[PDB]
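Assemble chain A with the ligands onto chain O, guided by the hints.
2 protein chains.
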Amino acid sequence: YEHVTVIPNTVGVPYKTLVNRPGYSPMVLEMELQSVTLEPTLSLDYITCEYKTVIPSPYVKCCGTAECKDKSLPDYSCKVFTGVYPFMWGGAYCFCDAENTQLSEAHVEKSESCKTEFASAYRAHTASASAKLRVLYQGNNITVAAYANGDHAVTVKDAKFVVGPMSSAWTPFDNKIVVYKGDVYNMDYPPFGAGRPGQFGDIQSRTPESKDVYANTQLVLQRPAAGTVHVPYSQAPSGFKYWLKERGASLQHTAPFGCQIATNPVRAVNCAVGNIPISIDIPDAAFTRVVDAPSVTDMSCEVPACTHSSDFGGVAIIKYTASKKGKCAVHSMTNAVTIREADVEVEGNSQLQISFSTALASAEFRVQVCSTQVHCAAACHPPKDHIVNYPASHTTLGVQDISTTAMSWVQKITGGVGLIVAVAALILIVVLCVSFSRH
Amino acid sequence: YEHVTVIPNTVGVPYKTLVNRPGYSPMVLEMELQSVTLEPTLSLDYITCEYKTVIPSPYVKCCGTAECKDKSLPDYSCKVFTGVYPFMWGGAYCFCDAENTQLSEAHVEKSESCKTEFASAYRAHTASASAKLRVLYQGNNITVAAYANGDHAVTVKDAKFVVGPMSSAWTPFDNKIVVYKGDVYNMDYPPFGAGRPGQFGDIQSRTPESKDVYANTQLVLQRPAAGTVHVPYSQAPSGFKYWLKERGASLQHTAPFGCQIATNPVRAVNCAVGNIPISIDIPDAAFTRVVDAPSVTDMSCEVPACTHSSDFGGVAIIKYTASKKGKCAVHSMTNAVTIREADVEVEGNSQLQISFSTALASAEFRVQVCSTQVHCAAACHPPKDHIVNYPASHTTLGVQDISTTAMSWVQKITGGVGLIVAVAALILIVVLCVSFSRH
Ligand SMILES: *[C@@H]1O[C@H](CO)[C@@H](O)[C@H](O)[C@H]1NC(C)=O
Ligand SMILES: *[C@@H]1O[C@H](CO)[C@@H](O)[C@H](O)[C@H]1NC(C)=O
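Taken in sequence, the protein lines are chains O and A.
All the letters of the first sequence, read from the start, carry residue numbers 1 to 439 under PDB author numbering.
All the letters of the second sequence, read from the start, carry residue numbers 1 to 439 under PDB author numbering.
Isolated chain O (complex conformation):
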């Protein structure tokens, strides 16, 4: 047998789905979402890290002049100066008072630290869904894992489960993302080869190991301090290290629906959006012919007390009589109320208690068991607490709601005098019809 259902995309909220098959006892299964993972694409746009500035020993000269020869290196720069008269510990370096010259040059390279610490920019666009389910089958909890895209089919305990596809294509991610060691950020990185100094992307590297790099750091030299031998540099401050200082809030806090985000691999998990379709092919072995199930008769219901709450605040006692000892499923056919229990053993002329959750001020509903219906009417009361920690979406109430006793009040209010006014209009128009024929 094949059964298809749909459930809200929520985690930790048990769901009852009643599959019925003529000629056999109908059975209701409990399905729970352990977690749902969304794996986005991974197109590594590039990486970046802190840079090291290499400035070899400056070239000094006397009574002669140096010269700049271009170097095919990133952001390589050079300069010359004249008239410098450096002094060392033992005295002047050389005699030429002003005929001397100084040549300096520098460049910037990647740091070995990049091999361990860095920030990587990807252009992830799409994603795939995988999920974990817990199912109450034959009186035991069973775990299943499958891709929640409507394609993956999984066989367990002789039954075939298919999940997905996700109703909503929404994702918390973005086309372009930047990832640190364990943090993710939605942020539009500058295009490769156009890094703006002092900002993210100031140095661009294709891979942590690729020797080729790109840089933009305005490396300008300056005239050295008089009387000293040294190289000054106007090295641009590293925007990469700085961006780590102003990273801002991570996406695990800014993600709508709070989809928890992990790494290695990067996934977004546990966000409630849309719903999921599930198709279950269940072999008939689990199915039991109706004759096998014990009968039921003399059904009475009572509610000693009930309390509409996020928990199972409602308790109902039912008196039942059955043919023989045996298991029997229990369900509520009204979505406004949910029942924690799935089935129960029935011996005969006995009673039982059931714990349920509702949201109506007055709970008036039918309950199905052993292919029989029993009414239940009660007046719940508001609990004391206004907010709770654990989640509970079972007790969902639409705009339609039970006015309870006040229902009668509005039923009494609905009475109007339109009938009498129409009667008066008819009477006047007829008594006029003596003179009013067809106008």
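No copy labels: a pair is met if it fits in one copy or bridges any two.
Restricting the straight-line Cα-Cα distance to at most 30 Å, the calculated cross-link-like pairs of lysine-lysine (BS3-like) are:
1. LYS176 - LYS132
2. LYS115 - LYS176
3. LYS71 - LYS61
4. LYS69 - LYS160
5. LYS157 - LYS211
6. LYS71 - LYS160
7. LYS79 - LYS157
8. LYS79 - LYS160
9. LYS176 - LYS245
10. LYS211 - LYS52
11. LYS176 - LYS211
12. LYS132 - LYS160
13. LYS71 - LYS132
14. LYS325 - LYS16
15. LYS132 - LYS181
16. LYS132 - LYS211
17. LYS245 - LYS52
18. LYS241 - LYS115
Think of the hints as simulated: they come from the structure by calculation, not from any bench.
This is chain A with the ligands only, laid out in the frame that chain O set:
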């Protein structure tokens, strides 16, 4: 200086782009598309290959009966039979004439050949673009490679090139694709775990090395032939090997726009769709002040003959006079005609010849050189050939076209008698206005 242009997405067709800068001699660059590669996503849905059927030695028994014990193996099957009296070379296996029994069983596993030969199904959805360009710069052809998505920037010979993004998002691929050793097919494979026997996907494996597999082969046993010892099997024929027999046309022939398809990695290349935007930042070093360029004067044009064709069938001779020896660019400002040459050396009061392509029956156009314009009028003739092999899109002609001498004819035809009829109407209405005042 920054210049932005757009060119049709075509390969092998040179394109002239004239960048002009006041205060310097304008320069026209030739850009050609070597190839454009589209790399689609790669999400390996699964793989498949031929399967091997393992049927160990059947269990024989006499005067007793065997039994089937379930095996947690793919498509494992078993059966028993009674009354079989097998015979071997030396005589009957055993005495029990009919009390004997036979137990048989079999299963199906992956083949070691899968490690070498197989077919892999992917769910590639999106793609990225990379391209190769040839540019005529400073009188030399230079090659550039970059991602054609409007992001990658490439520095060459002191100039910054940016290409893309692709105007059209169209692709020849599809969300779901199946790849053989060197062939690709657009084909919707069945979902994993639901392989239909005798068709592609009949056996499903997550990876070539993963031990776990899924199968669907209706392995039913049969009663062995009387008087013999052997195992019959109703093994399902392998749909995988068969699909190789009816693969059909590959996508390299069915792809619109003929985008050539490769593998390892899978790319679609050389398909003309849409256009490409290109932004070039050119340092002023290449730019030359107008005063540097020699002047030009006494410009005359003549066409000894021309022939509108896919080739450079037009030849034009120009008499020119210049101030001094020097290079000078040449261009045509009308898109209806293209010129093969980019620049030329000019010595002074001399002449030159230029080879060009057109599509107008009568070619009437201006030509720009050394910031000066020269007219050129000629009457081309149709060539003899009706179809050619090499591609040529330069000579593009819109609905607007030169009627040539016949233009005058229609200009003569345009004359109408509406003027005289309006004159007659005015005359009659006025001579009536004696009695017609304002109606
Ligand atoms: C299934 O999970 C519930 C959750 O609390 C647990 O109480 C129960 O013992 C588990 N096993 C069953 C229902 O067989
Ligand atoms: C550039 O390519 C053309 C193509 O044929 C070739 O003729 C020419 O020699 C190449 N080099 C140039 C134009 O410097």
